[PDB]
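Below is one structure, written out as structure tokens; comments come after it.
Excluded from the complex is one protein chain; the other protein chains are retained at their positions.
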Amino acid sequence: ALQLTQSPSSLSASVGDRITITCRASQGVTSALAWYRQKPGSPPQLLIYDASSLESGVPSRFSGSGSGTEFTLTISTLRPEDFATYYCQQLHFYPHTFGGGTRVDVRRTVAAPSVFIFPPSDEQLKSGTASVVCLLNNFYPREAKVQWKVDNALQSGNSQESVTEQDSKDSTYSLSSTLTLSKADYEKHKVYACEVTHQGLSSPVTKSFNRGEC
Amino acid sequence: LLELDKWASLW
Partner (left out) sequence: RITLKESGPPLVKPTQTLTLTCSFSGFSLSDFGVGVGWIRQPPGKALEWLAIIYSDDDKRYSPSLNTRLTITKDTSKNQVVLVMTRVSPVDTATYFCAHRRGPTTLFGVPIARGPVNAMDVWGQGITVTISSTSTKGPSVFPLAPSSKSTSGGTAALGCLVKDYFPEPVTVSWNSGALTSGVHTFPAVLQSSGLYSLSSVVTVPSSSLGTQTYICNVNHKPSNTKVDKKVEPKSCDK
């Protein structure tokens, strides 16, 4: 299938800003390229069709350009309702394909996350399982990396994370990472730690507890 | 080889 590469994948901007998103096709698709805007919990909305035509009813601040393999979408003046995800789509070849999308969030000063860790509850341990939670509070930008180390052993495949929507007040994000092991496995180890990497952190931060030291 | 869209041959 024809491949579309959108860039950047993520972008931070402020109201009144001017942003430009590009979409590169693995090969020429003439002018058969469309741009859409998608707000959280809503369907895509058409902005530009046939590479540069402005869809009727769409604000003049939106414009598109390109033909062949390179395309750009430009928003002259960023509006509050414009912080969302944008996608390109080519309709020159079957199957019609979409780009990976570009999320646009409200930018602010960098803010390292406050990292908190929660060992499992006696309640859960009694049920047979042990979940350890690592919390990264109010940080920015959104990119962040969390790694679980149990007695220096990197944990993979046994942890899941969740991230909140950008805060409507301080424009920060919060992330929760849960590492789940069986009671038996949990009791065979001492040190439980989550390592965190973020732009606001001069160096990786480690938060942990030693259940073998009481 | 990719198949052309239904309208790829239209001006």
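Lettered A and B in written order, each chain numbered from 1.
Following the convention adopted for this analysis, a residue touches a chain if its C-beta (ideal position, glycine included) is under 8 Å from a C-beta of that chain, and two chains touch if they have at least 3 such contacts.
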Of A:21, A:25, A:33 or A:146, the one touching the omitted chain in the full complex: A:33
If I consider the whole complex, including the chain that's not displayed, which of A:160, A:182, A:197 or A:199 touches that chain? A:160
Given A:21, A:84 or A:91, the correct residue touching the omitted chain is A:91
Among A:45, A:65 or A:74, single out the residue that touches the unshown chain. A:45
For chain A, residues in touch with the removed chain: 1, 31-34, 36, 43-46, 48-51, 53, 55, 87, 89, 91-92, 94-101, 114, 116-121, 123-124, 127, 131, 133, 135, 137, 160-164, 174, 176, 178, 180, 207, 209
Given the full complex, what residues of chain B touch the hidden partner chain? 3, 6-7, 10-11
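The working rule: only the chains that are shown with their structure count from here on.
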What residues of chain A sit close enough to touch chain B in their complex? 1-2, 30, 32, 91-94, 96
Residue ranges of chain B in contact with chain A within the complex: 2-5, 8
